[PDB]
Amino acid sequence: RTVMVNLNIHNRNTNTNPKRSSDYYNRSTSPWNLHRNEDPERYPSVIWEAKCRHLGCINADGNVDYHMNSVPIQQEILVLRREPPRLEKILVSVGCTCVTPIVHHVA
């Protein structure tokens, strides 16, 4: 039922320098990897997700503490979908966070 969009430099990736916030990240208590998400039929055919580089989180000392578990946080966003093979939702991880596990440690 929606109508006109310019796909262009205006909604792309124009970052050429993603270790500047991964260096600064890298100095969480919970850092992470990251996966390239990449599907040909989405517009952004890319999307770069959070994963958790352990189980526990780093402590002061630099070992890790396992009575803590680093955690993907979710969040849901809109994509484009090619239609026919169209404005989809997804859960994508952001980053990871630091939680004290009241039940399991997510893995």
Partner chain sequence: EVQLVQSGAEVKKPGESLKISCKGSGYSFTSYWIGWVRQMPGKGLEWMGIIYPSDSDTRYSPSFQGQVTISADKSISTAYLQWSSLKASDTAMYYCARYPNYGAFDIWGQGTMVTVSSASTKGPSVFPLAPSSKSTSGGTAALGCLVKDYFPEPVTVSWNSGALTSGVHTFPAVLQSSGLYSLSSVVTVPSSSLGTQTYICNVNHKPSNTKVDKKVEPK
The other form holds:
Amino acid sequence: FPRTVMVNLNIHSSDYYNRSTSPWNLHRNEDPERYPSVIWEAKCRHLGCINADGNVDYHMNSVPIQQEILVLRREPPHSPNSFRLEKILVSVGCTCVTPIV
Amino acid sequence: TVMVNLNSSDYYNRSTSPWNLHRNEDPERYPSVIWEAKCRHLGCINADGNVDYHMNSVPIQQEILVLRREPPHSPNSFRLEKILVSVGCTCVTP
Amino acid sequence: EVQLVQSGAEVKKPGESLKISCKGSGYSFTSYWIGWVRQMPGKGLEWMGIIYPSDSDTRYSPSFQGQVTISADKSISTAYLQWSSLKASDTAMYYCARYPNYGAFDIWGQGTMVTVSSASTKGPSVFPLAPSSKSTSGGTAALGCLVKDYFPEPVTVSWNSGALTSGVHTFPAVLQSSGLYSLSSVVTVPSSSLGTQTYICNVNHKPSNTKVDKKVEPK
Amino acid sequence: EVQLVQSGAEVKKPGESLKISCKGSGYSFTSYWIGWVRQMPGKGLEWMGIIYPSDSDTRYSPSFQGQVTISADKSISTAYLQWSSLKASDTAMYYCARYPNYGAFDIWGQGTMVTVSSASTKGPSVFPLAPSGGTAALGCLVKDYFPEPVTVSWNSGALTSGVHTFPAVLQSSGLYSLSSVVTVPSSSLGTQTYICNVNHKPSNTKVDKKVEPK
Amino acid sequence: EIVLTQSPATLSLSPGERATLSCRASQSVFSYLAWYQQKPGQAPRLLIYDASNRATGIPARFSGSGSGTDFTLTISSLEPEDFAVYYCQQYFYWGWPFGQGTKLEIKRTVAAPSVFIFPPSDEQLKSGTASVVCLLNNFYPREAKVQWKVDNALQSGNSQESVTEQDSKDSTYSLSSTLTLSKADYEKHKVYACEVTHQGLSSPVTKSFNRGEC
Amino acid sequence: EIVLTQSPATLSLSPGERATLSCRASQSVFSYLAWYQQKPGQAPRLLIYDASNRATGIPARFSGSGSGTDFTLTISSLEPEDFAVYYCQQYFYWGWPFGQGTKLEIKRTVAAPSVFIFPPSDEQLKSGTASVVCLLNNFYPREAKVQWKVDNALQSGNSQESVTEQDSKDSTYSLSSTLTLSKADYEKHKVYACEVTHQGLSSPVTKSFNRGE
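Pass me the form deposited with the partner chain bound as well; I've looked at the form deposited without the partner chain already.
Following is the full complex, with the preceding chain placed first.
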């Protein structure tokens, strides 16, 4: 609710990306003016999904799972605030989706 | 302390590792609401629509930043905190 | 302080309903799950079920589905466990415990003991477990008192008003099918002590203001 | 201001190498992907490939793999597109564009025009398209120049109504040619002077041609 | 692996009319689809992202709809600045990102071209080449046929055409056709004619001159 | 459908010794595993979470390791307060969270019980019930089999056992077995025997009496 808040900056792993039927690669999204400076974002490797035989099955699809997260962005020098709070959408990994439920 | 200016999809259902979302609500946190996932099944749904026990649904967890009111109930002062949030589920080969 | 406080011990009759509570404080009750765990006397931990107080999502163990109902009132940070019709087999300690999604049970309630019995307050009958010449083990003799048919717990047992403590074994009480408790208290003594001194078990049952001093002698 | 600034227009001969750049500013260059898009004259948009400057992950369209190299220097917020041996078929506008992961191309560079030809810089010859009816037409034929572009105005910009300056055509000789025409009242032919002002900056050629009835 | 197809290739509508532009994917692209507008001499501009989100600063008359394989871009009421090329683009899997484009043209009444023929200038003929120019002025629709005849013989392979973009004031087109001959071939013939076929003319119009006459 | 099985059922060690406790899952639980300690009449206490992370305030001698299906809890050098029941718990999929528990008891040598049988008193025989008591005194290990025989017939369903906690001085157990009979059934038979099978006895011991003698 308040436009300006004081924030204390002092804060008090798996291989699913590889073993998934919808595997993904992680990319280091880096911004030195942001909290957090590094966010690991996922990009699906294939269009289809990997079947029991290790082949890509195109009857299903790999899709990214996106999550809305809070970030602090450094304001331009000498602004009334040091940071601005923003909400971004981050792909955290991939899941496999069928054509119908 | 720094001054801060405070200013979908049905994959959860059509996934072979589907999940349910739960409203994690905390009035002492910004954001007050975080939607967290819990996998529905132990296995994964196969091409025939059945749950395949040879595969596993596992949650995908993501570390996120949140603001915690400090001191408690404060509307204008917070401490930065890192929490782990389950966002959805994927199917893994064992 | 982050804690879970459970409601007090319960003594109910078979067929009666019961709702026990688990109140959280010092944390967001709508940010974690609550699990309910049963522990029968001297046995392991058995999961009964869970609840996410924010939306009342509940899951049950197959052994408890249809036998209990788990619920929550998030306005007062409280979770509940309820039975429609109690049975003697529901006599056990019940714990509630907090856990975050895909996390361990990190905060535990103190437990709620639930006893299910048709009995009302009753003092014990104290019978002797007499030493026998034909029942000696080498140069040793055993004697005791059977403290039978009392309700509720506890009873205290001393020997010779506290003067005799070595070799004494006072067993934990068992809840009989009748709904009354029973226990034995025994002592091993040298056979040579049988004729030189007296043996008396002092039984106190405070719930009934009962006190029994039973002399134990060779029959 | 969030922007992508591309390097200037290029005029090259076949067989020559070329590296063009795309510099980002006003945003985190290591938080977004960069895509390279080709557009041949009068044609659609063709994807060439992408790069994630933070880790130099690079992918190419199967149509361009082995023909170009895409790279990035995150220390100077710049992405590059390069050819080891240019061909005439590489004559096209090249755009770079930013996109977040699973997002649209929201910021576009201004484009880099690349012309590849064996032809050399040459100024145009300007010939009159003499007038001679309700309306009369006259013009200038701006022939045999390289490279594009030429600018044409009439009466130093005082005559704009009825002017049609056609797009240039590339002749088989490798030189361009265009016409600029104007429809004027027949009654003005003996009274009003008509001059087409042609400028070809690449060869520093300026021609002011008077157009009159033969 | 994924191909986008736009329909129609060209949409001709009047200002004020509602435009419906189609984009079909070969398989689902979920909602990872964007629409772009491209004006001549300009980079593409993001209009809609995520199938239906208007980009900041984009007029409310533009709207996107669809999911999976079928998408639509609608312009509720056509403004003159909306006549441009539109592209759809998927960012789900590459695959092929872009649609081939849909060109929006202004529809107006049929207008016949005014036709003019220009002989080569004497100055050009000294250099050994002769360019004969035929101008087709202010016509609609764009479809027009120009045939060159030299002493009544139909010419083939020796002419190039150029056409202007739709006029901002009257929505018509203009076209120039240049016939190129050597000075020797030009001097062997007498009658130079350009015959124009266009929807606005009941019968084809011929404009001609005799070499050496005025 | 996930079940955790702990081994051994009882771990017998001395203070100062290194303890190794095992937990096997029927299928992978990844690293969604915890260990708890439980002392009698007390709630479980979290020791390790996420297979290897020590909870706050837990001493460094406790360590956890493993992933997938096999997990270990190690106590580097046992303190007296470490003798308790230990449970492993998975929070991947329920399934069943808890293992059956491993009792970590104080080691000592095998000691056979001294066995005693007590007939029902005359005072109790004035009621409709007769209690026959069998005492197994100061024995180790805890595993013992007590069978009641009435005129050589094995009794079933009419006896209850009670056991003490490990003795603070000698580390032994004691056990009572009470046979509850109706006074009618008691008077119908003559020989009452308590038979005891234990590791410390080469053959089972019988203590018996004849009713009325």
